[PDB]
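Given chain A, work out where chains B, B' and A' should sit, using these hints.
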Amino acid sequence: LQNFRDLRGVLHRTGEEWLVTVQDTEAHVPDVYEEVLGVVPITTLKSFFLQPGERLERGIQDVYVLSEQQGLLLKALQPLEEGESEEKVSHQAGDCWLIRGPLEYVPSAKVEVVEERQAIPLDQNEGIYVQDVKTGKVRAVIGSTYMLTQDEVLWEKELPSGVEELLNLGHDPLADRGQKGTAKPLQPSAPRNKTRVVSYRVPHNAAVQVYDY
Amino acid sequence: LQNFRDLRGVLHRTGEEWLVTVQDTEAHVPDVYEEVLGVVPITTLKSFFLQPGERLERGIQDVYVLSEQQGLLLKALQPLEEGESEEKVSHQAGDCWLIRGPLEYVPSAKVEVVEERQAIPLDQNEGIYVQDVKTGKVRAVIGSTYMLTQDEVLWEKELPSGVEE
Amino acid sequence: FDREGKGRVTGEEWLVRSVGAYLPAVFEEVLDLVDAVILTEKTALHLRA
Amino acid sequence: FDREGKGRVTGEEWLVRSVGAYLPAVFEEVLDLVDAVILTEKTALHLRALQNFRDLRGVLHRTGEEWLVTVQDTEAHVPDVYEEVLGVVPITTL
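Residue numbers (the authors' numbering), protein chains in the order written: chain A, 232 to 276, 306 to 473; chain B, 232 to 276, 306 to 425; chain B', 183 to 231; chain A', 183 to 276. A prime marks a further copy of an entry chain.
Calculated directly from the structure, the hints in this document are not laboratory data. From the three backbone atoms N, C-alpha and C, an ideal C-beta is built for every residue, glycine too.
Not the full set, but computed from the structure, chain A residues with beta-carbon under 7 Å of chain B':
1. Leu238
2. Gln254
3. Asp255
4. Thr256
Isolated chain A, as found in the complex:
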């Protein structure tokens, strides 16, 4: 049983509840000197499209979607709990906006098939960005000017060097990828020592890598 009358509106509830979703201008709010139970300014603070149904775990329940940006806020109310939690998730709501300023000239060279957005490519300078969902998540490898140069810089920064560190670490595994994300690391029988042999031939890659320990 709480009520408020203003702006050409007599809203009278009785023996049950009903909260208001703001949309007010200069609304007086309290009467009889007492409050409704506490004024709630949507400026300081329940965030736009999601109302606080909240339970013991202080999680927000009710929420509505309208746009992708709204879906972010819709998600926000779920992983938000204690202060640091809601703050992180709150930021993640905006953080997950469009491509956070890679360059000025941003179109949308996205690949799509029958309405469903297939893959989201995005190439430019020191980076080729590939977001997929039917074969993984997202991959972005920085270049310098060309795709090749990405492979080059990677090839320079490749793992076959750390082999010496691992030697001292205690267990020599020896891994080494390839420029084009080529996977070459394998696993030998090495409780302590027992070599590392492998011989590939025929139309594929005639290369035998024999390694001793």
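Same frame as chain A, now just chains B, B' and A':
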């Protein structure tokens, strides 16, 4: 035999009990100067969907479900006893929310068969998350960029070294 | 404003932005006395409820 | 200005830029006393929502919308009612 009349409501009990589940605004509560036996503010404190039926082991009994999030609270009242116990379980109620912020862009690439949620996969960066229930519990191995690299890093961190210890 | 109800009291208004006029009547003023703000260059108002 | 409504009060004006005339009447002045600014060399006025200017054999009155002037003035007075159009814009300094 306790009673309260307000907000267009004459609630009079007699010779037996009946507690109220709040839902009040500005309800006066005590009369004749005396109390009902003690005011119970649901703000400080019995937690939302679960009422304190409580026995010698101070455990909450009655509870209702509505959503998954509610089921967490429903569970909460069971493993909660002494302070440190109820606090831990109380936290676990919220702690067990959705995937606690792995990344921003979180959809729901879960595998399901005939209504029953089969398995819950979740891949991204430095981690592939696989929650199952028909062949175990949950497994999450961190990578660096690719599945292979997870295997690599693991291969480096493998046990055959401790043999000397 | 006697008991429960209101005698005659009324809250409504309108403004005279007119140049040249004494203003006060029977000792009291209209309600306030202000000179021109010299209005809006590139401002506006947002009307809500 | 008695109760709620206005007795007779009216806000409207016009200007005499005429040389030679006492001005004050019944102790009070017209409302102000100013000498000539010696107008516009290469300035003009930008009229926005209902703004006007009359001079050089020209009554240009806009209403509830805008319309700026592209100068081409000589000795154009520009502001009236003491207030400006929103700001004088001399095409010499800009």
